[PDB]
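A short write-up of the structure that comes next.
The excerpt is restricted to a subset of chains, each kept in its original location.
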Amino acid sequence: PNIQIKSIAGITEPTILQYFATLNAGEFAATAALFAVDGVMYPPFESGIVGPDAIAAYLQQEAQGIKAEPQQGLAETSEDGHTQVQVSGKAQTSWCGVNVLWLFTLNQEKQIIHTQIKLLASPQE
Amino acid sequence: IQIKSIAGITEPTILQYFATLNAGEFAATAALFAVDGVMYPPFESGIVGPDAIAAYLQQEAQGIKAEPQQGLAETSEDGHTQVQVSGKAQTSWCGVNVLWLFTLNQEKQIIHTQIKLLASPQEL
Amino acid sequence: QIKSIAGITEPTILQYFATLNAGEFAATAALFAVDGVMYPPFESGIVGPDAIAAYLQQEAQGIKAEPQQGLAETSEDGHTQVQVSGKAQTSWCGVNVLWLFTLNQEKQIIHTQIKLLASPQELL
């Protein structure tokens, strides 16, 4: 299946664009494949999910019907060769919509070692 | 906007090179290359770095649709990735069959890419 | 200096080819009537000199037309029909082309069209 994604201001990291594109297409396999073997997805509020297999199972049930809408981002390369990425935008679900900051850390080979979402909103929690 | 899948190719950089080339994101395409990454177009000499590359693409690559059908990718001893991709290039005047070659570094940046036309006795 | 074309003396046509090869796309578009149409081979149909000049600025970079010969006819309405056959070489591919044109009474290009011929035609 062919997938589409809106390009994200300040980001040309291909792993990051693919992460968003796959997610909005339902290809949770391709999304989880972007993680390294021991890569960790922390979603909002729930505990960390490890490895492509568990990650892709998590997405299959929970991440259906969410549309990620990243507007902008920044990427910096640390001393150890890892890449740190911040991306801001909106999530839209079938109930309501929120503002979101997505955090990624990629290895020397651009596999997602970990990613963490935080909502942009103050003690309504 | 517009990431077509390519049989046998799942490498995000490769899919996006063709995706961005199909839009007018010659800067987005260009950014996929390493700082000293080379783009040898067919018949011209090697164009070094994302800046030159995005310049080249802005004047010459307008109105071209790459239509990659299939590809294979292999990992060398040095960690580098070798990719071949085949398919069509449609221009306003004619459609040709094309082999795209790519070598990626350990960081998935295109170190070099080369195009070879598929066709026999065609002069200059 | 404006090369001749066997069988063709009609200035608008000589000027059409000469201006394209030298990349003078404003000159090329100026030959068209206000509502003149350039139908390139695979795409829509481009109206007016402003549009036409734009299109020629992006796609027709690197092109060389090589008309060999032509014919021309004058219709009952005062218009002039011109057929010019030859080769068009771009950085990808060279093709055998037949340019069709229709000038009005003032010798402005009302519309032009490009048609392909053959070359890879073995068959049994």
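Chains: A, B and C, in written order; residue numbering restarts at 1 for each.
Here is the rule we use: a residue touches a chain if its C-beta (ideal position, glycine included) is under 8 Å from a C-beta of that chain, and two chains touch if they have at least 3 such contacts.
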Complete complex - number of sequence copies, 3 represented: 12
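Assume only the chains that are shown with their structure count from here on.
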Between chain A and chain C, the Cα-mean centres are separated in Å by 51
Averaged-CA centre spacing for the pair chain B and chain A, given as whole angstrom: 26
Could you state the distance in Å from the CA-based centre of chain B to that of chain C? 31
In the complex, go through chain B and note every residue touching chain A. 1-5, 10, 12-13, 15-16, 25, 28, 31-32, 106-108
As the complex stands, chain C meets chain B at residues 40-43, 58-63, 88-95, 114, 116
